[PDB]
Amino acid sequence: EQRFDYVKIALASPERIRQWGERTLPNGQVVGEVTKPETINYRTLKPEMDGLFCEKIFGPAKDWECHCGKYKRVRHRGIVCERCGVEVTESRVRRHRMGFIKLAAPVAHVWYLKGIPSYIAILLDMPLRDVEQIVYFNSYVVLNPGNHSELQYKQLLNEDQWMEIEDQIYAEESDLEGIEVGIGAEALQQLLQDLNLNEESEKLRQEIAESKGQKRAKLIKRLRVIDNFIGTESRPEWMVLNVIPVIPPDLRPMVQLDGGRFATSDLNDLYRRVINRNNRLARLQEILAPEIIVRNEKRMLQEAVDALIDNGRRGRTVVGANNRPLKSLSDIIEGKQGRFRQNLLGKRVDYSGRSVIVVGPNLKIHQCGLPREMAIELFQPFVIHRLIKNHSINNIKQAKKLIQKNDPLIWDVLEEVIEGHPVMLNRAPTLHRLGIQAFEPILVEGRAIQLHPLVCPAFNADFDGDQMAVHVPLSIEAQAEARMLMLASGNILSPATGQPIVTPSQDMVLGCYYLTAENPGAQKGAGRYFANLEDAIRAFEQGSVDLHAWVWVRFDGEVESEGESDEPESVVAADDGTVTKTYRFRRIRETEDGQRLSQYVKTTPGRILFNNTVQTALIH
Amino acid sequence: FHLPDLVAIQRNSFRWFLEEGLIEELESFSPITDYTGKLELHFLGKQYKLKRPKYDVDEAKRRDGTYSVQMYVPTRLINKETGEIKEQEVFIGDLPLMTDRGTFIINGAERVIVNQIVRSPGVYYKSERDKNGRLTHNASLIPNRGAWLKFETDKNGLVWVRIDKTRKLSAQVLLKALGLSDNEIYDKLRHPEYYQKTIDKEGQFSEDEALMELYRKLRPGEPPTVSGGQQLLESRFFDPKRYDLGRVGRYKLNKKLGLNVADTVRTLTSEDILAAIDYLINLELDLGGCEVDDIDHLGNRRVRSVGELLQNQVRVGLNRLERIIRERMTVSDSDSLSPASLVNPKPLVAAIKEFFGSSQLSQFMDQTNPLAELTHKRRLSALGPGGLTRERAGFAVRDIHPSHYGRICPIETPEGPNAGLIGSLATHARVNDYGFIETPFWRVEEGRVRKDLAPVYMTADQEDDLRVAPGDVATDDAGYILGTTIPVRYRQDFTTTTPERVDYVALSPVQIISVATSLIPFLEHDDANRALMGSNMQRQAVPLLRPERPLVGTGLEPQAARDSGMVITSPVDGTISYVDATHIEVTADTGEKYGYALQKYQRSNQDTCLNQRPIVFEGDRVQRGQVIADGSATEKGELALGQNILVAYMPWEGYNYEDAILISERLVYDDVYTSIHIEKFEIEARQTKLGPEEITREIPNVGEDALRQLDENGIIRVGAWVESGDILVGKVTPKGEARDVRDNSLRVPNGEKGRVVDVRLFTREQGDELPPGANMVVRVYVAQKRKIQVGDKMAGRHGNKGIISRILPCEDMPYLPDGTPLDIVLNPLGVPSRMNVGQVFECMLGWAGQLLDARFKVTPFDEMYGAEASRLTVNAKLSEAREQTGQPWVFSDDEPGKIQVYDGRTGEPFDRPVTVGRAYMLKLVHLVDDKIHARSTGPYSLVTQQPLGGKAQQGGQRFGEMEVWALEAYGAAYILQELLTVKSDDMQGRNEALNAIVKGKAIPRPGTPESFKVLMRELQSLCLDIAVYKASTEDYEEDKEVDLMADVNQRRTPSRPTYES
Amino acid sequence: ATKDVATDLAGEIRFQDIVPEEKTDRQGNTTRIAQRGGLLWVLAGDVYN
DNA sequence: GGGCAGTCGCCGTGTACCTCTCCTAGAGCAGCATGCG
RNA sequence: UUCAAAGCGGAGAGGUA
DNA sequence: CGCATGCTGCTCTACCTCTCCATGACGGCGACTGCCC
Ligand SMILES: [Mg+2]
Ligand SMILES: [Zn+2]
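Residue numbers (this note's numbering), protein chains in the order written: chain H, 1 to 620; chain F, 1 to 1061; chain D, 1 to 49.
Don't take every hint at face value.
Coverage of chain F stretches by chain H, computed from C-beta distances (three or more under 8 angstroms per stretch; other residues unrestricted) [unchecked claim]:
#, stretch
1, 22-31
2, 700-713
3, 789-803
4, 944-951
5, 958-965
6, 1028-1038
With a Cα cut of at most 27 angstroms, we get these calculated DSS-like pairs of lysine-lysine [as the list claims (entries may be wrong)]:
#, chain 1, residue 1, chain 2, residue 2
7, H, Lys400, F, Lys951
8, F, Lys689, H, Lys46
9, H, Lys389, F, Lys999
10, F, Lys1013, H, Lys102
11, F, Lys197, D, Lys3
12, H, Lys336, F, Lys951
13, F, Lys197, F, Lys217
14, F, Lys1030, H, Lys8
15, D, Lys23, F, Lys126
Read the hints as simulated data drawn from the structure, not as lab findings.
Backbone N, C-alpha and C define an ideal beta-carbon position, used for all residues, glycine too.
Work out the full structure, taking the sequences as your base and the hints as a guide.
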């Protein structure tokens, strides 16, 4: 039930490139071609009629308004003006329409010529240096060696070689009919059109069947490329460009600085250079200029289009105002600061804030303290809804004015808005999944976030300057899922190893160690008998025994002493068969060949406090 | 303390530029001649007739202008044949001038030029080892400016030469092309058979073929020519305009190779090349007097300051100017010319402006307090135009070399990517005229230190054969050295010798550290990392309302404050006749009057106050050199950055946990730790093609309830309290659409309030310069007083940072056996794991000093006099305080540093005594009022339609990809999808979500975000045919291409979410 | 591993039992190693360069 | 032909937040202050 | 009946965790 | 008493070439290149 299922990529034919642009109008002509390098008008902030910002091609600048101003109103739908032929519709369509530029001479795509694998060189059975020399007008190439002895197909000639061959072909004495053709331009279109993929593949297979040596991998690569082109039903000559497309004008906008100066993009300069060189070359071709200048113009146009596609890949980098390079089309997508890693795999979001963190004791784990100045901003729509429904206000404008005026009712509404609504807290270097956690907020006074001390090692937090970010979930699914999968009170163990992660760490372990240790001095009240642990705690609370004294208590349960003597000691067989075995830390008294009658433990009031606290927490 | 002027690198460099830096560049370019040789221009660059500045320092500061002068050079134009000489004076440019403190004022901002540590010119030898081959040696010859030369020895015994980055070629070609016969190069070399091997292997060359081959290898593809090779060599190495060794380059070449060439000649010659080849041969053959070089040694490194960099910029501008002059001079056949109409000063003006405003060596001044300002001018950088790059600097450049001793501080650096790349000059170091750092020593004769014989300054290479003793050795009568074994340094190693064999002794024990690190008492009891932290954090403190001196200072405070130029001392030795908040006057003994004016509540680069107050009263006897008035961060004479407060070391009920700080409420209502911050706002009235802009109070769509405090001219009044969203200046623009004006008056940003203290304004037709197209400028200054509060950062001098978490009423704090509640409680868990033992010494000595009213001073490394000097002094002081006061609870012998403390909530004493004292704490510039931000909905980006970023423009928080991974590991699917689409860039789902939340319904399903469509358009524009397809249901039907860029729902889609009504 | 020693005084060199031997190889064509191993003495006296 | 050492060029090198400054050359055209008889 | 006037890109330098 | 000339602000467009702007990073991997059989 989704809109689409997969994404497919392929080579672009000139028909497709012209079809992306070239829309139609209710008349006898099409509009989608860019012909002049003007961007905007200097006197009035308006775009020209045939340029990089035109309105007949790319759409109107202001929605439901024409260039001449004759038309207006949303009544006019799908009707084009007459004085200037600008369709009347929304201006957002400006970031869709493309347009195109028609080249007076073919140029080669630099991705398919200058690559780590070069596909033109592989297809043509030629080294990269020879192809690069034929392009850029450094040498010639023979297209038909007919009726000659020292000339072969796809052989690189030179200026002097071509002149000396011309000295013989132009004599027309004999034995030179069927004039051979040599061409110092690209002529890559002719060489790639002459390909006959099916029989080339058959011949390559027939050769690869017999003999291998150690260097048949070249023929394997050629066969792979040929089979790819056969299967895709593409044409190799599409690697040489004849038209190019133009990006919509909102993706290369004009921005105005503070002092009235313009900061134009780097794509506009490259497009301007391409258009200017193309127009000049077409003009020269019209007048039938000498060929040695037309070739210079063609080489310059090749270099311009190459610099537009990718800057500094083959030749020299094109520098702009300063000596810094311009940003081409490939720099938009390729880097770490390119589109992929900066805008698609991570973005900026709404309903978010950031502040410093302080320590909050007396908080429970799963609770956090949020300042009152951030909550009124992150929770605005819920406050507005509650103000409209209960405490009937009227409209949204009155609710916003009430919030702005800082009425006392605002905080009463907010306190009941935020209860039961979880919030997600995050710290900067998120190294594992416990760097984002969900809490329940409590409104505090101040400008710092309060964090429970028991979650610091998970976040790797510390209260000497650290900062945290806050996000809120909006829908029911996000809320239920944050409560049920991410709440900070259900993150006991770690995913790397099953060891516990929420334990008293720094100042609580010191307190437990002091409370439960032993002290040879300060032992007032040692050797006193108590019934149950609560009596001992009550006797210590009102000062009558020390925190480190040794006392006997009555405790029927399981004990675990350190430095214990597992062998019974001081067995006194008393009367009536009753036996009272006295250990180092226990005084069990057992009946005759029967069960246990009583037990006593020699311990310390601090240990009684510790164990009573644990037992009370578990049983309640 | 023999300390001379601390900021003297900048002053010496600028004085050198003025004296002989501009003359040398102006006179190296003067005779400009055209090709016919008929006209000549001479620049008599010796007068310069500098014109006095039109604006004072204060006028430039308050007007937001530039402090500069004008340069005029006399020129003469000479016509050959027909005698015709014209004389005149031409305008060359505007030179910004250096103020009395070593800084520049550019566009109303204080700027400083940083010093740069680079590699010195000369010849450097190195030995490289192959994977399987022998050792092969190479030499590199590097000039101040020009082409580099490289010699290399092969595995077979062959010598090869490389020029710049051309191909390698045998040395015989180069030596014969230079014009040397076989006999002289045979005699000069010491081992001629080693070179004879190369001669035999590569074939003898004559001059003609030598130049032929040299031309062929340097510039391939052209027909060889003898004159071509001659011109190429002359332009490459022997041209003063294209090659320059420098004075230092000639000095280093002569020093290493042992030559005798004159100091005036600054281009390469034949003897240098012959000597370099001979040295390479000897190093290969292990002659005995040859050695490879270390490039990190401070004897191979140089310092460049403002003079040299300005000289280079002037040279470039002058080259451009000469090009313009030569182009313009020949365009006219008839003379009809004057030297004034020939020169155009635009390129030179542009070059100077670019150097002083947009370079990466001119930096915005650090001005939080006088200490930061002082240490910003003594900083050394290894990066810049002519140094290193961040990706190329590695482990070897960021280390400590044994040659930094006494020249670069080993403590003060940044932490992070800049650690080891920026350093600080030590206390006693100074730079000589070649560019090398020196340091002073005293002479030792027969074991006796001669403290009366003018200490000598020595560079890193000089003090390698001597045995140098440290500055902590103890003498008996400022004479003979006591002891039997003495530590010394010999050839970058630490040894011990008898004290009849040392040569020099360092001046002071603090000669090794900088000025910021010299202000930490009891430093030798601290770790080095925490010392770095404390020294760095001492420069982020904020000047307080009433400053106060430390009780346990170190002795360098009065010298660190005299360089900022804010303390006034009387030169008179007389009487004081008039004292006022803004003026002081002192009369001598019949020696006229001296009057001083004081700055009042000014503003620094970082929005801090710059007040100045008097100390004296009327009719006071005053001596020479006595302090008369002092600045905003100094008590009488000396620096005062913090306050002395009562401290106890113990844990509270969890409020001390992991560096948090618990303070008392006395620090709030006693106005301790409160400061003044001043901000500046600006508005501009410009003109537009539609029309001009007018500043007036007739603003549309506003009521009289919002125009109370405007002065019937549209500008607020001095002394008004402004809260958030209040109009300051009222402006209207002439929009095109009755009333045709629109309101965009400037208002205070959200979160700002205070008093209006200044409304200075400037306009045309009054003598004020304005940027083009503007009519008037209005500047408003707003001040406020800030108190300490929960979330602020506090610090000490020993590296202990913290954030305040609670402010207790004074009846809850623990109190002493006399009833005095404490001021701060600190956790003792943070001391033993980080090894700041000096803070306890400081606390105990401050306690004794408070009880005695003494104000002790202790200098670092104080244990050369005894075995445990600090402990004994502290114990003796505490015992003396106990005997003088009469209270026995002050000091106890069982627990020296600990006394009894009670609980303010219950009244019961704690089980064991705790440590209390007086601590000197500072308040840093990181305040929580500037770190809190929140957003619900605001502006969006233009291309991607994602929320903007930034606190100042209602920006959103970034959800990077690490957080995406964390949400994927949880199993979260709906939180992630809500974050990615509805809250970022789903242009239609944002409004639907907001309206659903307000109305109380369910949030609808999202669509495709805009960034994916942007990426598809960008990929299509690269001639790639990419599309999205929907699969066919039946068998032979074709898959259908889906059109993403076409909304099917003809419903409202605004650019930003809006509330329905 | 290797370690180079340096003289603590200046003067002339006297051998006691060290017999040098030029041991050539692929790298050290001029490396003359010791063969027996004895005592090396440095007689005192200032040295002029 | 086979098999290389040797060499040249392109790819890659932590996250989140805060403060400050500055941002295209050349040529063409029209209107106001200044020294002289 | 209509909204609507406050948002902008790049480069360099420094800092906090 | 009046007449002739340099300076400043606005506008309008167009781009290619060098003496090459550097020659202190380090590893991996693939594509030429001269040399010895
Ligand atoms: Mg921290
Ligand atoms: Zn129209």
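Hints, one by one, checked against the model:
| no. | hint | result |
| --- | --- | --- |
| 1 | 22-31 | violated (count 0) |
| 2 | 700-713 | violated (count 0) |
| 3 | 789-803 | holds (count 7) |
| 4 | 944-951 | holds (count 5) |
| 5 | 958-965 | holds (count 8) |
| 6 | 1028-1038 | holds (count 4) |
| 7 | H:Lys400 with F:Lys951 | holds (23 angstroms) |
| 8 | F:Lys689 with H:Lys46 | holds (13 angstroms) |
| 9 | H:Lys389 with F:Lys999 | holds (9 angstroms) |
| 10 | F:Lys1013 with H:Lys102 | holds (25 angstroms) |
| 11 | F:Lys197 with D:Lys3 | violated (34 angstroms) |
| 12 | H:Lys336 with F:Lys951 | holds (24 angstroms) |
| 13 | F:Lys197 with F:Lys217 | holds (23 angstroms) |
| 14 | F:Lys1030 with H:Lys8 | holds (11 angstroms) |
| 15 | D:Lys23 with F:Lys126 | holds (25 angstroms) |
Violated hints, in rising order: 1, 2, 11; the structure is consistent with all others.
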